[PDB]
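Novice: For reference, the chains in residue letters:
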Amino acid sequence: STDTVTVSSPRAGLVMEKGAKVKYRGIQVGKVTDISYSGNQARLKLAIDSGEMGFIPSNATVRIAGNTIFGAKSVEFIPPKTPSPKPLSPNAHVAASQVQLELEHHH
Amino acid sequence: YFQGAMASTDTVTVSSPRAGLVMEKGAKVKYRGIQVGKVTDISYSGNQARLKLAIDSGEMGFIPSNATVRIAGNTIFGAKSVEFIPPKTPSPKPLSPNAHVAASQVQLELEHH
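If you read the protein sequences in the order shown, they are chains A and B.
Going by the entry's author numbering, the first residue of the first sequence is number 39, and it counts up by one from there.
Going by the entry's author numbering, the first residue of the second sequence is number 32, and it counts up by one from there.
Hints should not be assumed to be uniformly reliable.
[Unchecked claim] Here are some, though not all, of the chain A residues that point toward chain B, as calculated from beta-carbon distances under 7 Å: (1) 48; (2) 52; (3) 57; (4) 61; (5) 108; (6) 116; (7) 129; (8) 132.
[Claimed, not checked] Short, incomplete list of chain B residues facing chain A, as computed with Cβ under 10 Å: (9) 37; (10) 53; (11) 61; (12) 63; (13) 72; (14) 79; (15) 94; (16) 102; (17) 111; (18) 112; (19) 113; (20) 126; (21) 127; (22) 131.
Treat the hints as calculated values from the structure; they're not laboratory data.
Ideal Cβ positions, reconstructed from N, Cα and C, are used throughout, including at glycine.
Bound conformation, chain A alone:
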């Protein structure tokens, strides 16, 4: 059985592999189940063993490893220098060198 614990994030833009390990002194104790996105704040839903929490004081602290990555939002097609009369065959593919990763502009 598990007890649900929660954590608010310093960065609202936090993505995490659904159901990732939760460690303490090297041993796993639970997993993250859900991630809530209320407004411009992010809060984590944790779930850890119902009896293991006796080994974690209330005033503990948290470390989250990770990387800075690109959170895409949409995908647009762009008309070229000269448009080809041929349309797009199904199952076709566009390589990486034809893809442009962009930042959106904020007022």
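Could you slot chain B onto chain A? The hints should help.
Specialist: Chain B only, in chain A's frame:
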């Protein structure tokens, strides 16, 4: 193959040059301001990132074959694990069953290879 009844949309795939692309749900596909499709799935293999798409078959007769791909987005934090640290002077009280920890106690380190 065999014929589809209705609303039969086709697929087109995209290679992301930077492995590490995650994508927001509700990801739609546009072309000159018209929404034409959606994104099915995402996968990773080798050191590359695949993308499968779903575009309405009728709207593909208008997308040129030599069209480039634009992908908007914002840089975000790609978390991997959650760890706990014993405070310098720990509290005798164990963790309450429904405890909350705001951003104050959370620390967001980068990874090492």
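Novice: So, for every hint listed, does it hold in this structure?
Specialist: Hint check:
1. 48: holds, 4 Å
2. 52: Where the cut-off is 7 Å and the nearest Cβ of chain B is about 5 Å from residue 52 (chain A), the hint holds.
3. 57: violated, 11 Å
4. 61: Cβ of residue 61 (chain A) sits 5 Å from chain B, so the hint holds.
5. 108: holds, 5 Å
6. 116: holds, 4 Å
7. 129: holds, 6 Å
8. 132: Holds. Min distance 6 Å.
9. 37: violated, 17 Å
10. 53: Interface hint status for residue 53 (chain B): holds (5 Å vs cutoff 10 Å).
11. 61: holds, 5 Å
12. 63: holds, 7 Å
13. 72: Violated. Min distance 13 Å.
14. 79: holds, 7 Å
15. 94: Because about 5 Å separates residue 94 (chain B) from the closest Cβ in chain A, which is inside the 10 Å limit, the hint holds.
16. 102: holds, 5 Å
17. 111: holds, 5 Å
18. 112: Holds. Min distance 5 Å.
19. 113: holds, 5 Å
20. 126: With Cβ-Cβ at 4 Å, under 10 Å, it holds.
21. 127: holds, 6 Å
22. 131: At about 5 Å, which falls below the 10 Å cut-off, the nearest Cβ of chain A leaves the hint on residue 131 (chain B) intact, so it holds.
Consistency note: the structure conflicts with the earlier hints numbered 3, 9, 13.
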